[PDB]
Amino acid sequence: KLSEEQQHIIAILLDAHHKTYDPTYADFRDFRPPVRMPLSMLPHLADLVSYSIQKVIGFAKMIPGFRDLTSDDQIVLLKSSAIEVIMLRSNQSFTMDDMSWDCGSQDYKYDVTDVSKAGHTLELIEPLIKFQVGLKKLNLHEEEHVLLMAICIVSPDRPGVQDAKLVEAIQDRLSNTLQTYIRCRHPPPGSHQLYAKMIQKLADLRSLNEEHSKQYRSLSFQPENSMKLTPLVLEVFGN
Amino acid sequence: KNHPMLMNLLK
Ligand SMILES: C=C1/C(=C\C=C2/CCC[C@]3(C)[C@@H]([C@H](C)CCCC(C)(C)O)CC[C@@H]23)C[C@@H](O)C[C@@H]1O
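Residue numbers (the authors' numbering), protein chains in the order written: chain A, 123 to 159, 219 to 420; chain C, 625 to 635.
For reference, chain A alone in the conformation it holds in the complex:
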């Protein structure tokens, strides 16, 4: 069975997610508008990403144990995982119907061609789409989804982590909660090797992270592209 501590952890992570992910996408109006006539989708998508960093941080703060870490380690962890959690949380809007991210209206519906209109290439976009499909196929329960995001954030192997023993202990408590949840609450056949398939997604995210960071570096070396970013995006991703 799920212990009462494990039930608590799930309860908090569900709530923390409901409080940082608005499924009506109402705030999207406040973004610089999408242009599909260059890098015409860069202003819109930088604002979307910037907004999403803030939400990921809000989610992170509420992870049981996260607040016992130093502010230094909190920083390393959020800085390296932000892109990954944005990719994960975006699965909620992703749809296999047309391989797009559907945020409630045609204006806020993003496809392969919109992402390339933000200065990215297929070297990132094709594996990102593949990631989104494989993840959607897992048909995760909300409980598994929020647990996966939290485990991704609290990873002990990120470069620059000082107290790695403590980061691993916080994560172990989440990993164990996830494994037990799958065994007690996820009925076969869906549950088939479900944990190991979720952990593999965390591997895939490392590759996507490395490729995004490479193209981000190339995109942002140009001061005219950098001008189109936000201060938070520049602080978190670089330069």
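Read the hints as simulated data drawn from the structure, not as lab findings.
The reader is advised that the hints may include incorrect statements.
Said to hold, decoys possible - Listed below are the simulated DSS-like cross-link pairs for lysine-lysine, each with C-alpha atoms no more than 27 Å apart in a straight line:
{"id": "1", "chain 1": "A", "residue 1": "236", "chain 2": "A", "residue 2": "311"}
{"id": "2", "chain 1": "A", "residue 1": "378", "chain 2": "C", "residue 2": "635"}
{"id": "3", "chain 1": "C", "residue 1": "635", "chain 2": "A", "residue 2": "346"}
{"id": "4", "chain 1": "A", "residue 1": "242", "chain 2": "C", "residue 2": "635"}
{"id": "5", "chain 1": "A", "residue 1": "141", "chain 2": "A", "residue 2": "242"}
{"id": "6", "chain 1": "A", "residue 1": "317", "chain 2": "A", "residue 2": "236"}
{"id": "7", "chain 1": "C", "residue 1": "625", "chain 2": "C", "residue 2": "635"}
{"id": "8", "chain 1": "C", "residue 1": "635", "chain 2": "A", "residue 2": "141"}
{"id": "9", "chain 1": "A", "residue 1": "260", "chain 2": "C", "residue 2": "635"}
{"id": "10", "chain 1": "A", "residue 1": "260", "chain 2": "A", "residue 2": "346"}
{"id": "11", "chain 1": "C", "residue 1": "625", "chain 2": "A", "residue 2": "236"}
{"id": "12", "chain 1": "A", "residue 1": "236", "chain 2": "A", "residue 2": "260"}
{"id": "13", "chain 1": "C", "residue 1": "625", "chain 2": "A", "residue 2": "346"}
{"id": "14", "chain 1": "A", "residue 1": "382", "chain 2": "A", "residue 2": "317"}
{"id": "15", "chain 1": "A", "residue 1": "395", "chain 2": "A", "residue 2": "382"}
{"id": "16", "chain 1": "A", "residue 1": "260", "chain 2": "C", "residue 2": "625"}
{"id": "17", "chain 1": "A", "residue 1": "346", "chain 2": "A", "residue 2": "378"}
{"id": "18", "chain 1": "A", "residue 1": "260", "chain 2": "A", "residue 2": "395"}
{"id": "19", "chain 1": "A", "residue 1": "236", "chain 2": "C", "residue 2": "635"}
{"id": "20", "chain 1": "C", "residue 1": "635", "chain 2": "A", "residue 2": "395"}
{"id": "21", "chain 1": "A", "residue 1": "317", "chain 2": "A", "residue 2": "141"}
{"id": "22", "chain 1": "A", "residue 1": "382", "chain 2": "C", "residue 2": "635"}
{"id": "23", "chain 1": "A", "residue 1": "378", "chain 2": "A", "residue 2": "311"}
As the list claims (entries may be wrong) - Stretch-level coverage of chain A by chain C, calculated; a stretch enters the list once three of its residues show a Cβ under 8 Å from a Cβ in chain C:
{"id": "24", "segment": "248 to 260"}
{"id": "25", "segment": "407 to 418"}
Cβ atoms here follow ideal geometry from the backbone N, Cα and C, with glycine treated the same way.
Based on the hints, put chain C with the ligand in the right spot on chain A.
This is chain C with the ligand only, laid out in the frame that chain A set:
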């Protein structure tokens, strides 16, 4: 180093 915005958002 120096992440003043990230540090503000964290608390
Ligand atoms: C964000 C969210 C959403 C979509 C994410 C997407 C679709 C458009 C392209 C994105 C933003 C990818 C881009 C490769 C990132 C580019 C960023 C930059 C231009 C700065 O290098 C990563 C995740 C993709 C919508 C909603 O699910 C909220 C979530 O929070």
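Now the hints, each set against the structure:
no.: 1; hint: A:236 x A:311; result: holds, 24 Å
no.: 2; hint: A:378 x C:635; result: violated, 34 Å
no.: 3; hint: C:635 x A:346; result: holds, 23 Å
no.: 4; hint: A:242 x C:635; result: holds, 9 Å
no.: 5; hint: A:141 x A:242; result: holds, 12 Å
no.: 6; hint: A:317 x A:236; result: holds, 21 Å
no.: 7; hint: C:625 x C:635; result: holds, 18 Å
no.: 8; hint: C:635 x A:141; result: holds, 17 Å
no.: 9; hint: A:260 x C:635; result: holds, 16 Å
no.: 10; hint: A:260 x A:346; result: holds, 19 Å
no.: 11; hint: C:625 x A:236; result: holds, 22 Å
no.: 12; hint: A:236 x A:260; result: holds, 13 Å
no.: 13; hint: C:625 x A:346; result: holds, 23 Å
no.: 14; hint: A:382 x A:317; result: holds, 11 Å
no.: 15; hint: A:395 x A:382; result: holds, 20 Å
no.: 16; hint: A:260 x C:625; result: holds, 12 Å
no.: 17; hint: A:346 x A:378; result: holds, 25 Å
no.: 18; hint: A:260 x A:395; result: holds, 15 Å
no.: 19; hint: A:236 x C:635; result: holds, 14 Å
no.: 20; hint: C:635 x A:395; result: violated, 30 Å
no.: 21; hint: A:317 x A:141; result: holds, 22 Å
no.: 22; hint: A:382 x C:635; result: violated, 30 Å
no.: 23; hint: A:378 x A:311; result: holds, 14 Å
no.: 24; hint: 248 to 260; result: holds (count 5)
no.: 25; hint: 407 to 418; result: holds (count 4)
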